[PDB]
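Trainee: So the chains spell out like this:
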Amino acid sequence: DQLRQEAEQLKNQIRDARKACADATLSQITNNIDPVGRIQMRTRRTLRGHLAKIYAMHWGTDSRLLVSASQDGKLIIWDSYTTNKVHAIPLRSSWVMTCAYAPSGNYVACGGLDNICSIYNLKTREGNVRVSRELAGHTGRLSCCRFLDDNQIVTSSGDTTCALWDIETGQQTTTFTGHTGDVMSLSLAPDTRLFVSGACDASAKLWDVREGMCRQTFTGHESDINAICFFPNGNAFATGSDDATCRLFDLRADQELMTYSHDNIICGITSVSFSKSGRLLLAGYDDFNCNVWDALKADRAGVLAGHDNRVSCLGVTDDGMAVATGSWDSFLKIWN
Amino acid sequence: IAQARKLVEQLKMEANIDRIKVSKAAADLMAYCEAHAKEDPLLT
Amino acid sequence: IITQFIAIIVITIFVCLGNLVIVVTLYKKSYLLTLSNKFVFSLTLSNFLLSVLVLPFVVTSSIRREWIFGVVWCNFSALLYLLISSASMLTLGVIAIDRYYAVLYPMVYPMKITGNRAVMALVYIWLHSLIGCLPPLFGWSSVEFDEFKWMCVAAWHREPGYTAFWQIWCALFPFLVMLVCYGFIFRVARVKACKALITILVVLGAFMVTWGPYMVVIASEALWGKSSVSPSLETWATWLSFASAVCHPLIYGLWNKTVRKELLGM
Amino acid sequence: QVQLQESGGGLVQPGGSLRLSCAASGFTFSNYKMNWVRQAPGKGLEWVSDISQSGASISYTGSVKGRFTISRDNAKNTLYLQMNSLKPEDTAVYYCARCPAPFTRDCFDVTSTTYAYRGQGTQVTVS
Amino acid sequence: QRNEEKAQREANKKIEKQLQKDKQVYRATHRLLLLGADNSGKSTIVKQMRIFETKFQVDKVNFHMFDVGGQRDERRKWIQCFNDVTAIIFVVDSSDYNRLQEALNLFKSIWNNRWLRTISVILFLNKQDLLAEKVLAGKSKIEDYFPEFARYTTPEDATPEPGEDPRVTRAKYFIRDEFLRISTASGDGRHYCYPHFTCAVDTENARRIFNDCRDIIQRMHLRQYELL
Ligand SMILES: CC(C)CCC[C@@H](C)[C@H]1CC[C@H]2[C@@H]3CC=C4C[C@@H](O)CC[C@]4(C)[C@H]3CC[C@]12C
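Protein chains in written order, with the numbering used here: chain A, 522 to 857; chain B, 872 to 915; chain C, 36 to 301; chain D, -10 to 116; chain E, 800 to 1027.
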């Protein structure tokens, strides 16, 4: 009982500090600047060929090669401009809920409810793509995989844990624990020294890869968090949940800043991504449409409605030229 | 008991951090955007 | 009567728009071209070719009361009309066979019907149409402007044998297949779950209404000779023949949900 | 953060009565199907009763049907379970749980180890 | 640059040929999601037709069922993955009346799930012999766990196995109708629950799954050709 009382007192102190720092709201300060207005975006190319629903996509460091993972057991690597499949890796397990494309471009990753992160080497002398490594040790499904470099990889699991792996040795270099619900998504900072993970306990968490301890913890949603991704500057991140809302957190402010929602939307959110400037929050919804929110006004600036099912994948290029939406109708579209 | 102790320690670590004003942070995000606005073809 | 002309000016515009729209929908995006949609693409493409290469000459012949395009072009136009009508009516039977296989045999449908087998059936459609249409080249009978019909097509009255052959080969074959299959699909559907009657009746009745009057007209002309049918009835039977090319694309493209959705989106 | 603070419970003789209330904070109360789930010593979680978004759809576990009644106060953002004619098997820790998704008739909230949106619970001893 | 574009072209051609072959393979295989709880014979069902994966073949049609048991108790997230499946095979032990109510809650949530309202559920009320022994013993009464069973009568359309105690039939069909009530409360006709009385020793569950999926696909084909 004393421990519970101390925890409640610490939480009360945290709320008091957050309220004290909350001198003004984001919307009031940002009301001075002009909104971007309605955003018109159309399907330039429809990358089709996937046989089933797509769960993850990731743009390469080169803004042309993208990689998309679908439960028909495929990891297809496309050339965005020419709509050409550069590669088509068959997967051991059909249900891949995540995929990554290494910054060097030499490797890709898959993971899902098989509980193994399979890393495939692309730039191989012997022609076809081969399975480079397999990372086992997560006792829950894997929902997000991100590459720090050719050897360091962060994988979040449904067992309320994250893990930094050294790819060469294949064993968990570091394990991040402290979530009380399934971790559904993660993102790496542009500096790649910190990373935030959102879980099913309506909680996001800033972790330091070197230390291995939870640097910060953010709350504010009402239900499971499905998506998370840093602001381009690395000092903020937006999270979408099943209660049809986005919320933006700043790491230094240590609380929520703006809430994106409307009465007419009740479906949850499934994927969130940022543009280069961070002006636009692209969020995938279960109502078959993507929405683009203004980070400063929190008013929908446009709807990407071209999918016959829920959107599960949002990818924004490193150079910001194109975005790609992957849906459960086995279609991946690019909206330039 | 271990879960409660870990939760208390994590709460203490979170409270030990130093926070900043939300206005400074709004300012910082708005800033990143204004600065990168030219190199963002989606908005322009 | 200017009314009869007016009607073709409407049936032709339909057979062109309602077939070209489906053709461009299925061609601009080929993931729809599964086996069924391919049989539907061939049907709509052939009907659009008929609307472009035959119907304008029918209109000009009806307004001009006479043929003005020469014997060689008369032969070519009648050959194309017969070939396309046979192909379009046989595609209905092939589509009914496909639906019979997909409804009665749904587990083995991806195996018993294959894209290679779909191409085999699609080629067989035009092979059957050419087997029905070559005797005009072989001179079993002749193609000449028929005044009440308003366009050249074979002289049915002069050769009852060819008329009966065309009816048995390219006119009642598709019907028997189409009805048998839709009725079997019906036993299944009533057992399973009144809309079945609606759809079976619309699919069978478009075919009957559009093609059966022409069958009766040509059968009477072959058996009882010319003038056994009044000019109005013969002319309207021909227009119903050409309105079959309106009934086919609508039923087999728009009553499909996926084609409909993409089309509507476009 | 989501909070579900339960009040009530205690020692009650068999055949007695109690009113377990629980106040919920951190979300829109009306959007979530509410459940009462009890855990007796020596056994796992057991779903007792549930009440829907508008209170029109009410269901109970068969063992506690008739005796126990569910109710939901939207204005007070709280959930009540009234227990009458108690039995010795009714001693347990009682939790009020949200179904994870709003505007949904489906939910998975009897998890053995940890469920994120479950209250702290109150001890109800019937002896 | 032209040589690179051409090379990319035959690479695309080869990969598209591979994906056409793989689509032909994939559309001919049906995925089934196996669900249940402890003391429910999911493993016995899996082994009786000969883990995370189970491969079986009926009438030259390949079904793939998946006992997802490597995760925690929470199901709301990884169950969203199985909506392209043709069916959810829900195996429940009808003997345990305790954890029967949890099973009804799970079935109700699966039935009313947004991403499972199109996927039909094949319901396997397993361990019928255990239920028969429990009801014949009489020590544990179903009325304690379900008072409605005290006012439930066997429906006239029931087809009990010959030489069975009518109390056993009443209990079996009572639990079956309890599941079917949730099935028909919000079915809307898009998906249907197919209850079956299965034991551990039976050897025809694969045929039931096959016929059930054939019925599902027949209904889907009638739906797409707009018959009904
Ligand atoms: C002579 C008669 C009996 C034949 C039937 C006429 C044809 C043209 C009718 C019969 C059924 C009709 C369809 C009824 C329903 C739909 C779906 C709706 O989105 C409009 C198009 C479409 C597809 C209709 C188009 C016209 C249609 C195809």
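No wet-lab data here; the hints were simulated from the structure.
Don't be surprised by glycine CBs; every beta carbon is placed ideally from N, CA and C.
Treat the hints with care, since some could be wrong.
Chain C regions said to be covered by chain E (calculated; three or more residues, Cβ under 8 Å) [stated by the list, open to error]:
| id | stretch |
| --- | --- |
| 1 | 127 to 138 |
| 2 | 264 to 271 |
| 3 | 286 to 292 |
Trainee: Hints first: check each against the structure and report whether it holds.
Mentor: A quick look at each hint next to the structure:
1. Under the rule that three or more residues need a Cβ within less than 8 Å of chain E, the assignment of the stretch 127 to 138 of chain C holds, with 3 such residues.
2. Chain E is given as covering the stretch 264 to 271 of chain C, and this is violated because 0 residues of the stretch bring a CB closer than 8 Å to a CB of that chain, at least three being needed.
3. Coverage of the stretch 286 to 292 of chain C by chain E holds [criterion: at least 3 residues with CB-CB distance below 8 Å; count 3].
Violated hint: 2 only; the structure is consistent with all others.
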